[PDB]
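All protein chains of the complex are present and in place, except for one that has been dropped.
Read from first to last, the chains carry the letters A and B; within each, the first residue is number 1.
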Amino acid sequence: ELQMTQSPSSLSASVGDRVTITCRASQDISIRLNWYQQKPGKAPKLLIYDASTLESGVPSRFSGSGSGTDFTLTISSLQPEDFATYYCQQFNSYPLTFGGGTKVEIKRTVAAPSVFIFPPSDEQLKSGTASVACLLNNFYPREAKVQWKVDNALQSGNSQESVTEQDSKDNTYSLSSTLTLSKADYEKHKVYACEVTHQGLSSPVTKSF
Amino acid sequence: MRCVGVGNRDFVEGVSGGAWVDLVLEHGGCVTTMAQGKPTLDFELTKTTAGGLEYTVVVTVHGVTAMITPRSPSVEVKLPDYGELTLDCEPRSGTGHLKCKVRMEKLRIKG
Partner (left out) sequence: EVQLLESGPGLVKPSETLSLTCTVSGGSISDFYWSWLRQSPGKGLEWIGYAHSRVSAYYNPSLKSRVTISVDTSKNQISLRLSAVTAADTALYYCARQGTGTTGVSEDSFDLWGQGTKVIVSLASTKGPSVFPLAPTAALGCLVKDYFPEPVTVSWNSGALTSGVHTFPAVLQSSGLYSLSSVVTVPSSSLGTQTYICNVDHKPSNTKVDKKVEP
């Protein structure tokens, strides 16, 4: 199949900036390329067709360019409603293929995470299992690393991480890491630490109980 | 099976600028279309039901099956990697043949 490469995968931009999304084809696809916009929870919406033709209703800020292999999508001045994932689609040869997509996120100043450790509740321990939760509250950028420590020993494959989507008001991310252990494994140890590494921190912060 | 030739490879007439190609599809017969900057095609009327309520047309590039009914006599046929064509047919019962207006404006060569 005809491979479509979109660069970058993620883009951090501010409102009013000129953003350029690139789409590269492995074969010459002439002008047979379409551009789509996808907002969270919504279906993809067609913006540009035949590499440069703008769809009716689509604002004048959106522009399409390119021929053969190299193609570009340009938003002359980024608006607050433009923060979405942009996809390119070829139609020169079958099967019809789409690019990886470019997620346009809002750029913001660095914010250090507020670390909170939670021991397993007595009602949970009586059910047979023990879960230790570590919270990383309101941080930027998304890149953050958590290291679980049962005393001085580092844990490997007994924890699960989850990140919330970028906040609509403060443009930050939040991380929740749950360390799962059996009732017997929990009672046999005393020190439970959560080491957090982030750009906003001069040194890795550790929260323990 | 030998096909009846319609069109010329050195000519663009009937395939460009709102023009069409008129074909008579015989049952147990074949028709071959040729045009400048367009792929050579094979048109064949495969099956005809008693009526004729259903006409089966197979388009093969030098196949894709298209159904022509009295209710729906026109159809846009997608030929992957070759573009599209429109079969604006005139179904006039089981006469043994089918008259079609072929619009090959959206057709293209794969390369």
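Just so it is clear, a residue touches a chain if its C-beta (ideal position, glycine included) is under 8 Å from a C-beta of that chain, and two chains touch if they have at least 3 such contacts.
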Among A:13, A:133, A:201 or A:205, residue touching the chain not depicted: A:133
By the contact criterion defined above, which parts of chain B meet the unshown chain? Give residue numbers in ascending order. 64-69, 72, 75-78, 80, 83-84, 86, 105-106
To test your reading of the contact rule: which positions on chain A touch the chain that is missing from view? 1, 32, 34, 36, 43-46, 49-50, 53, 55, 87, 89, 91, 94-101, 114, 116, 118-121, 123-124, 127, 129, 131, 133, 135, 137, 160-164, 174, 176, 178, 180
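In this section, only the chains that are shown with their structure count from here on.
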CA centre of chain A versus CA centre of chain B: separation in Å? 50
In the complex, chain A residues that touch chain B: 92-94
Would you mind writing out the residues of chain B in touch with chain A in their complex? 80-81, 110
